[PDB]
Amino acid sequence: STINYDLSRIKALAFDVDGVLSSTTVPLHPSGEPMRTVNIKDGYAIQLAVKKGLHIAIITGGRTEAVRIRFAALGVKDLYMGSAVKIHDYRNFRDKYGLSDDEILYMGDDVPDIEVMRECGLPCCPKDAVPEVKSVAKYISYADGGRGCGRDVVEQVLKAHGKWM
Amino acid sequence: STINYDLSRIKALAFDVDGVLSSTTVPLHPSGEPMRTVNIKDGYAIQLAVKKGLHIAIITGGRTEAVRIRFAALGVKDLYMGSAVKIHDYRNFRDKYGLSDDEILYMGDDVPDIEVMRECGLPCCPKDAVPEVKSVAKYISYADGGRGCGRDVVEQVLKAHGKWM
Amino acid sequence: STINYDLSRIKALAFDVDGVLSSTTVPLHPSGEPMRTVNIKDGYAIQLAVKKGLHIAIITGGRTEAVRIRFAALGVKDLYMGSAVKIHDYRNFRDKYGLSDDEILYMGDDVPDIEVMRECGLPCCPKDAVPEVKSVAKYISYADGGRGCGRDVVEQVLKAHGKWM
Amino acid sequence: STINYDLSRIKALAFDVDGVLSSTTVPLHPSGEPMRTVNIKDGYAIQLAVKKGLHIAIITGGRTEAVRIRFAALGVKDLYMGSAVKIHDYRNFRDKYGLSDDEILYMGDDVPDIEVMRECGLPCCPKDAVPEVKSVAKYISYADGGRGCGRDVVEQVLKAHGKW
Ligand SMILES: [Mg+2]
Ligand SMILES: [Mg+2]
Ligand SMILES: [Mg+2]
Ligand SMILES: [Mg+2]
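Residue numbers (the UniProt record's numbering), protein chains in the order written: chain A, 2 to 166; chain B, 2 to 166; chain C, 2 to 166; chain D, 2 to 165.
Keep in mind that the hints were calculated from the coordinates and are not lab data.
Where is the CB? At the ideal position from N, CA and C, for every residue including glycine.
Treat the hints with care, as some may be off.
What the hints assert, rightly or not - Each computed DMTMM-like pair below joins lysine to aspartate or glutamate, with the alpha-carbon atoms no more than 25 Å apart: (1) B:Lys164 x A:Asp102; (2) A:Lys53 x D:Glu133; (3) C:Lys78 x B:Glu34.
As the list claims (entries may be wrong) - For the chain A half of the interface with chain D, some residues (derived, Cβ under 7 Å), not all of them: (4) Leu8; (5) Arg37; (6) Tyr45.
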């Protein structure tokens with residue numbers, strides 16, 4: 002669905018990992034660390050978004066190594082991991098590029114994402130985000146976490162800039 | 002749907018792993034041992050529950066270091082792995098904290114869980130639990146095993162205590 | 002649903018692996034070999050069946066150690082792997098135990114299973130089996146392949162024998 | 002068949018991997034490399050098609066040895082990998098066998114597949130292909146990417162050849 006926001010002023014998109022770029026339910030590695038998922042259609046749009054000049058960030062509380070490598074390989078340079086207080090890292094990201102809050106989209110799925118979602122210009126969440134998160138979101142994707150909700154908003158922003166084709 | 006029970010009486014929540022906190026269908030590791038899944042929304046609620054003073058136990062026949070690690074990383078201290086007859090680990094958990102049965106929730110999915118479910122105050126099960134288990138459950142989650150039925154009940158109990166942050 | 006057959010007469014149950022006890026869509030191991038999935042509810046019933054004196058076989062074109070190890074661990078001794086022409090292995094299984102066709106259930110999902118299904122007394126298939134297989138099946142499980150169709154039929158047969166609870 | 006095309010004309014089927022023969026959402030290997038999925042019903046039909054003399058190609062931007070070995074093991078002899086320019090793989094595949102466009106089916110799921118789909122005779126896509134891909138597809142499978150959309154078209158073509 003189209004987002005209730007002037008997407009033309011979005012210059013940056015930030016994402017939670019678990020329940021957003023990765024599925025909420027994932028296999029467990031023998032090591033005890035979650036084996037995350039990535040969505041290939043998410044991937045296409047994200048690498049394109051980086052090529053077209055949008056600042057992309059991931060902000061996660063874990064040390065999700067495999068996710069770091071994958072998105073690094075997509076050109077994403079702002080990878081905030083072990084983010085115990087996400088709002089502090091969001092601020093770092095915003096200020097690093099001299100952005101205003103109204104220029105940043107953030108997509109989260111669970112309560113540790115709420116503080117950022119309250120400060121960012123365009124809070125978004127997947128179709129299966131928790132109710133507390135849906136109530137703070139300006140847009141709720143048609144797609145569940147890990148299954149194309151990233152592709153959804155990235156494609157919308159790129160199209161609105163005429164940078165999709 | 003709220004659980005038909007006075008959740009303020011619940012001081013402890015115990016979970017089967019396979020089919021409850023981990024999906025019923027899982028990848029088979031090349032070793033021939035099943036690879037459990039974890040749900041990150043479950044995880045958030047579980048770790049918060051521990052912090053808020055709810056007692057949390059997992060009780061599983063499984064012996065994999067992955068499951069032990071993952072739950073110990075959430076602050077679960079009562080990890081009953083390699084469980085042969087679950088009722089004993091249930092009693093152990095109950096008695097360790099001076100609980101009565103009516104103060105304990107147990108969530109199971111299959112026949113080996115029935116004995117504990119008959120004894121605990123608040124038996125539940127996921128949406129896709131087996132008939133005999135649904136039969137004895139006071140509450141059936143809206144979520145399938147591994148897909149957030151853990152999150153469901155932990156949150157409900159935390160909310161009823163005024164501890165849902 | 003329930004099987005339209007006199008299950009008290011069934012003395013043995015044989016299963017294809019891929020697409021029946023394992024999902025049709027599976028992760029690809031880096032070695033180039035498809036991984037398999039297993040279902041924990043299938044497992045409980047299968048190990049129970051062996052304990053209740055029912056003859057259990059798997060008949061698969063696959064050859065992976067993981068599959069062999071997993072089913073052996075459930076106590077399954079009739080492991081027909083690398084099965085190129087399944088009818089030979091079905092007949093070997095039947096004649097091994099002096100069974101007649103009407104005493105054997107076989108569950109398959111694809112064309113290579115059809116010959117065995119035409120011969121066994123009780124051919125079954127998962128909900129997502131191919132239409133040619135559904136055409137020869139006397140029973141279609143409510144469950145997709147890998148997701149509990151094994152449990153479905155094993156449990157029905159054990160209950161018929163009064164060997165469930 | 003239920004595809005609106007004379008499938009007996011199709012002599013070759015080419016498939017994108019990710020989002021078509023492998024699922025769109027996949028597990029991540031600890032190396033940071035996505036782990037593809039395969040569908041066992043796709044597999045049976047693919048190996049049969051090869052046996053019945055249909056030309057099969059897989060066209061993918063990836064380079065993983067796993068996808069290489071798997072499809073090789075199914076008898077697939079035309080494995081286009083490491084590719085970025087899909088139209089070139091398609092044209093090379095077509096010309097290798099002296100085919101005309103109308104004799105080739107191609108199934109893709111995303112924007113980079115569009116150029117090929119506009120050139121091939123029978124462009125198909127999975128049920129969850131992006132909307133731009135759906136608008137150029139002659140046929141949209143009932144199956145999601147990685148979940149039997151390959152089996153769908155291969156089987157329909159083999160049936161129309163009387164080779165099923
Ligand atoms: Mg999250
Ligand atoms: Mg269980
Ligand atoms: Mg099969
Ligand atoms: Mg693709």
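Hint check against the structure, violated hint numbers in rising order: 1, 4
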